[PDB]
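Engineer: Below are the chains, spelled out letter by letter.
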Amino acid sequence: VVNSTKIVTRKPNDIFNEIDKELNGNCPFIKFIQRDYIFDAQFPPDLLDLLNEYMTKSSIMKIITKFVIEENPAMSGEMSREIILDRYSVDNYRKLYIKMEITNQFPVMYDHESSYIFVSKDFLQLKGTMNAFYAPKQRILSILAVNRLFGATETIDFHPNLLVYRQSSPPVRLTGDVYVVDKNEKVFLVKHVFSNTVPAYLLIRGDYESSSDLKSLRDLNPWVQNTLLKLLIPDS
Amino acid sequence: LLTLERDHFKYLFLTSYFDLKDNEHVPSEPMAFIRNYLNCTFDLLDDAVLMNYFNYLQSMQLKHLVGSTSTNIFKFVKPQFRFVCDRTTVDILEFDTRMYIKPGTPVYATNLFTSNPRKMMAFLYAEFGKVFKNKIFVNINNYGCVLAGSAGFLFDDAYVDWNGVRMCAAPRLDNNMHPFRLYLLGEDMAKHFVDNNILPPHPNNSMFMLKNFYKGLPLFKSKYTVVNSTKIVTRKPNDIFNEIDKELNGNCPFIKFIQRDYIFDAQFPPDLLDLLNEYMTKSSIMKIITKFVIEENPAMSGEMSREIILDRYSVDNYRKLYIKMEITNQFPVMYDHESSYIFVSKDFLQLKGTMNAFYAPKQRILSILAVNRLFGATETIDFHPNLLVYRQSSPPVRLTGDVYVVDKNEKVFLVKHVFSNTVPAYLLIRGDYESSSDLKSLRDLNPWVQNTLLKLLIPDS
Amino acid sequence: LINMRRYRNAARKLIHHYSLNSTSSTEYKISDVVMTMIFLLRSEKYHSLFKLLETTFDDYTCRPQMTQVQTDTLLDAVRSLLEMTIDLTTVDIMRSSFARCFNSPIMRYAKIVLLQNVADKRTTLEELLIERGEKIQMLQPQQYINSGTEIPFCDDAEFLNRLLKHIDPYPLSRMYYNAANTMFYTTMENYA
Amino acid sequence: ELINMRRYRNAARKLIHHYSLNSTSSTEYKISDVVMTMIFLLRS
Amino acid sequence: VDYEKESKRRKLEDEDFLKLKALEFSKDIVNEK
Amino acid sequence: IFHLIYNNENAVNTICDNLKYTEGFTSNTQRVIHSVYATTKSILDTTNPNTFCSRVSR
Amino acid sequence: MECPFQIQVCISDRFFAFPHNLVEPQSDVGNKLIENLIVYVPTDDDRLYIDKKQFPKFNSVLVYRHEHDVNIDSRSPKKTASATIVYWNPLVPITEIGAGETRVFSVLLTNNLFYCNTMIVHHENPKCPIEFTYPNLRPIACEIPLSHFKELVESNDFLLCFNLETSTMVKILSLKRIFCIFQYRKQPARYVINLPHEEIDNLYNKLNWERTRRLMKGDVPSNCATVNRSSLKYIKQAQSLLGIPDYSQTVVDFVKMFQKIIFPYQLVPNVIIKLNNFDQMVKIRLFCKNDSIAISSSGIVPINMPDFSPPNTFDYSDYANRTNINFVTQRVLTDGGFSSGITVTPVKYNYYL
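Protein chains in written order, with the UniProt record's numbering: chain A, 240 to 475; chain B, 7 to 209, 218 to 475; chain C, 113 to 196, 200 to 234, 238 to 310; chain D, 112 to 155; chain E, 462 to 494; chain F, 117 to 174; chain G, 1 to 135, 162 to 308, 320 to 390.
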């Protein structure tokens, strides 16, 4: 333990603010852990302190990073230290700064556990989706390829108006992977990687044309496919 | 065990803080006590006195002073000064390409000094490996090892900035005898040494030694033949300028204005200030200040074997000294061809952003000293094209000597001119002018005038 | 508390109009005058100007006496407020205008006036003509051109077209209004 | 003190009373007087 | 006394490293295919 | 113009020198020649870099 | 951004050419070396510069263009124990890893590799090229420098060209490789980048950030920096004003010209000040060996002290007042017979006068 501190709250926005501050300062990624038994009893504070020395391999963890990654290294922090936020109780959390060491033990996650990306004010997570968000100022609907969203205190219901039809006298050319969602409505899904190398897809509606051959949606992964089903099929 | 009085703490600081050799003036008690203190025969010394001295340093508020109540501070290699490295690197300059340090990295000056960093490297890197271990790739040279530009250790001189870069030749050469101080990068290294009481194996010694709280400035006793003296207190630069002007006007051909290069290090006790007044640092600041207009006749000549010195020995206290002109008098080392300073008179104003350019309104003249600095300017005027009022003349006004073209379209020229009192400079003129001889390229001009001209001419878009 | 920013804005607009430093013409009201005076009182920076105007509440047919330091402070304050340049002549113009306003009674129709009581002896245009012409004839030509010469007309038709495009969105009506009122107000100041 | 609180009170009382009784100008009160009254109210 | 043999050897290599790369991107004697 | 388009530096230099020693070169002919040469060189400098990039283009 | 410890990254300018010798089979959990090798390259053309015959340790060698697999989170890439995985100059996140440790060689150090745990940085003695912005140049297809390798190591005047649809990361990698080749050139080479000024500025910014990352990882400082276009324009204006032919004077030497002033006059040259300001838009401080003070844009400062002395160090009230300022300004106006363009400012003072 390089350093430690504790906090108490029942307001998720507080935890999200702590995470956002840590990420903004210098943290490339935070290990947010939640103990998988904090709901089993009103544990005495002494018992909580005793348990704090220990961890359960099955507890919950999230590798949370920031959506926008600063290009320059001016924001780089210590290269041999990590930040952990442990929800060791129902309402008490402990922030820990520890030395980056292999011997450190951690809860077992999925072999290819998808990373979490913090939600910024530039967009809002679509209700009923763990990986879909909408940027109003950009008028863009985006679906993370393999990454979860995190920290969203607010969500917006999907609505066709979001997919404002782009007007263009000549069809706007597109490149890379393109998929047809609704030929009648000129709705397409375009593979897009955020310059910080975050894979995702952009759902667009408008006068578009593809440089290459359009591709079947079945090529997409089940994650994006499930999100798309939720977003597209009306919940009659 | 030897002891020492608070009244002798001034002697202790004088001896231990600076690179002073004129130790003959230390009374007997402080002499012996400091001798043992420096040779690190701490077993013969009262540790309580060391704690008292540390508290005295804290009371005087020495900058960067960091420590605890452990005698290991003096008895072992320990971080004694702390400060953050923050270099606004200018890659276009061929700086002294030392090991890179990440901005914001803490840096600690330890009391350890070595005559050969490469030999200490074994032990120091052993400690570094103890601290970090693993297989961390590090930048290691014969003068230290650096981890990710954020941790580790290195050897340098006893005095570095860590905020600026290294450039140009050294006005001082004390490396002849000066061992390299040890510097520690990272709270990790600092804390490790503090807690572990690290100390290299003994072969003080020839190989290395400890100089606790040893800044190492080239201090020396003035040995001045003081004809007269006086002191003043002020924070108003106009007051100092007025004193200088009075001295120059009366009979002084030139004044030696000295400023001590450490007056910002602590709230030095007045007793300590008095003790230091007997001494001077070779690296302190000096300015040879004369008067722009030099009276032609000798009626204004003063004593030919006396000099006037104005020493800013503290932040707010200055001492004016009249001393006999004597070669043996020691002075701070200036540049081999240190340019002289010229006092600014009311006839003109120094141009903002220029150390050698001024404008005379009544004459409507912009002048740039060839090799001389301006001094005393409490006011400055922003450059503006209106200053270069275009001279009207039906026939082009003839010019002689060296002439240079600044703007042919705007009839702007630079004319070499020497003030009758033999002060070289150039006059920037705009108007209907013609040259008797061939016009000359500006590249012929020195870098000093060239820099001033660039500042004055290129608009700061 | 008060909206010192709004107070300041109203004060600035009113001062501009009453100093003839802005061709802009708009409605003004006792609310605006009160804005101005309250801002001046509240501002430590402008206490001197507040005092000057407050003195107008009296007979106001008097020349305030100030030290050079006082005059410089007042001019600096006014110049900082209007961000310009200025003159103690403008100071006196504002004093007279505000005195006339303060002494004026509440009314429904804004009193259109001309400049009056600025800078004792009444002089006619003829006397000014005689005196100024004599002094001018005394003066000598600073510079001159020779006979003939040639008006330097431009030639680049593309340059002319570019300028035309650059000026197209400028309403001739507004430009004419601004220019005419500028000339009129400067003439008014000279006369007063 | 810039404000002559006594004179300011006098003017403020005059106008407020005047207005406390009627609903008009009564043209011997002058914009100044308003200003006088309002400044008094601010200061008090 | 652990000299920076690594740095010295690195510079020595860099001297002819460009020539070695030129050898790599040189021409081949024959076309086996 | 032709000796510029076609890379004939010898002919260009010959013409330049002859114009230097022909007619009132200094008065206005020199400036006219420099203007024409500058225009041609500007066009050629606009074209040639893109042409070379096209040549080596994959 | 997180990286898996299973990847080890080596950064070296030499890696502009693939380091065949450094490749080695990786062992599995059973300590069985894998005879299959998979080499990943940023572009298809790169394959032609991988000689499979230079891998005796392996029995099968395959080469592919690394491509972002949107279906795999880089935070936990899929593992393929059947082959040893090597990435050369990767431009997109590594979504696949080999047996043992997945090896990476790169001349670039992007954020993706920046957080990579194992970072091996090769150090080189700097050797800078020459920026020669100017409308007999030798065109170079930057996308394929190794094709032009002979010319790059022989000639000294290169026109750097790019295909229209070349990607930004491809451009950055090509420029980095070319600059490494110049770093190994004995004779600095002049070059001209046939790209828009803003694009060149962005590329230079990204290269600077990459160099910063390398330094933070422990790379040796290199003076072989680059100049933003605004700074170049300012330098050109200065040279023209001084009457210095641009082709004759190099920017580096132009700046060095004022080192004679830096220390002896204890002043920061205005050229350096302006260059620093340009970089900031995209303060100065320095000293000499054994020097007791530091020269700064603010003036003289005691070593290690802040760039500004305590506020109450000097009292300027005597002249730093409206009365004195106005008096001096009015005197100047009267004496010079001026009516505008005059401005007087009180002179403040840092630590020292």
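Please keep in mind that the hints were generated in silico from the structure rather than gathered at the bench. From the three backbone atoms N, C-alpha and C, an ideal C-beta is built for every residue, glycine too. Take these hints with a grain of salt, some might be off.
[To be verified] Calculated cross-link-like contacts (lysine to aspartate or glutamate; reagent style DMTMM-like; alpha-carbon spacing at most 25 angstroms):
hint, chain 1, residue 1, chain 2, residue 2
1, A, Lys376, A, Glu292
2, G, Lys320, B, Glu100
3, B, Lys139, E, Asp475
[As the list claims (entries may be wrong)] Sample of chain B residues with no beta-carbon within 10 angstroms of chain A, all distances over it, derived:
hint, residue
4, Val32
5, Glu35
6, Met105
7, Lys108
8, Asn140
9, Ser156
10, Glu261
11, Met339
12, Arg378
13, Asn400
14, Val437
15, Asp446
Engineer: Take the hints in turn and mark each one as holding or not.
Structural biologist: Checked hints:
no. : hint                : result
1   : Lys376/A / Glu292/A : 47 angstroms, violated
2   : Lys320/G / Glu100/B : 18 angstroms, holds
3   : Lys139/B / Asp475/E : 31 angstroms, violated
4   : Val32               : 46 angstroms, holds
5   : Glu35               : 47 angstroms, holds
6   : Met105              : 16 angstroms, holds
7   : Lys108              : 8 angstroms, violated
8   : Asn140              : 8 angstroms, violated
9   : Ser156              : 7 angstroms, violated
10  : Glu261              : 51 angstroms, holds
11  : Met339              : 55 angstroms, holds
12  : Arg378              : 49 angstroms, holds
13  : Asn400              : 43 angstroms, holds
14  : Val437              : 48 angstroms, holds
15  : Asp446              : 54 angstroms, holds
Figure legend: structure checked against the earlier numbered hints; hints not met, in rising order: 1, 3, 7, 8 and 9.
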